[PDB]
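The chain that follows stands alone, in the form deposited in one PDB entry, written as structure tokens.
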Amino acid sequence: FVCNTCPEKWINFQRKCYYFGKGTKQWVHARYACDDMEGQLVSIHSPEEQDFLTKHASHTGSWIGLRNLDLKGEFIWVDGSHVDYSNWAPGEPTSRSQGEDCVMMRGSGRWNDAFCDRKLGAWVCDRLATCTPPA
């Protein structure tokens, strides 16, 4: 059993599928775009997953599945997972909004807090990879 099979217009990495979305859309507005295309906004859990994303990343920044609910201070991924791997930029995560503050990836791959209503050029979708029959 291996997971290399990817859907149309999606790139494989380990056991995940990544869609490098393009188009002027705000955070929650790109979050729902992932859903319709049978996935979710990218959950970054390893330095390897990050460097792959840094490789295919956009020059003008990309949206990622990280959102704040300060009422805790901390951040949560869209898949319900907490923050393991952290690629914060200098000063980050200092909420550039109090509470609800979404996270975006730069060209450098470095995360920074951004206003929930920022109209960004790109976003990164992700789903698990479709499995392989036995050898």
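Just so we're on the same page, rigid core means the largest C-alpha set that superposes within 1.5 Å between forms. Positions refer to the first chain, counted from 1. What changes on going to the form deposited in another entry:
- Of the residues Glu48, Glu38, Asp70, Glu92, just one CA atom moves 2 angstroms or more between these two forms under rigid-core superposition; it belongs to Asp70.
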Second form
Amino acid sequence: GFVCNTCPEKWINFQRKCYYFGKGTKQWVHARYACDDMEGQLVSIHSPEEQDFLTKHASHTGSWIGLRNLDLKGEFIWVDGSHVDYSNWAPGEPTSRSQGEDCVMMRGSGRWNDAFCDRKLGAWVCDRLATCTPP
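Next, report the structure of the form deposited in another entry; the form deposited in one PDB entry has already been given.
Next comes a single chain, given without company.
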């Protein structure tokens, strides 16, 4: 009903969402399926507060997030279909002169870099909606 902050075991709540901080070497598409199979999707980020929460729990060696140049025209969009209403790109990113670097990762600093999708990273972040306590 009113309060939406219930998360499944091993997921961390932040506002109306649950986040899973995944570990293990995976290319972007593998991380995408690892999230799907846990009933989540690679994370989408919509505010500086959500980014600050992610930065605090983010792996120091980089993590895949759910942003990708899906339409192959240079427009990076969230795989969950949510609005691109916030960005935390590292300065000068994304570059127009980086053909094939269609996937996005988050650095230890929390800043985003585009990357080749077949790059193997040690971390990945899933999100899903929190469920609600009945009033």
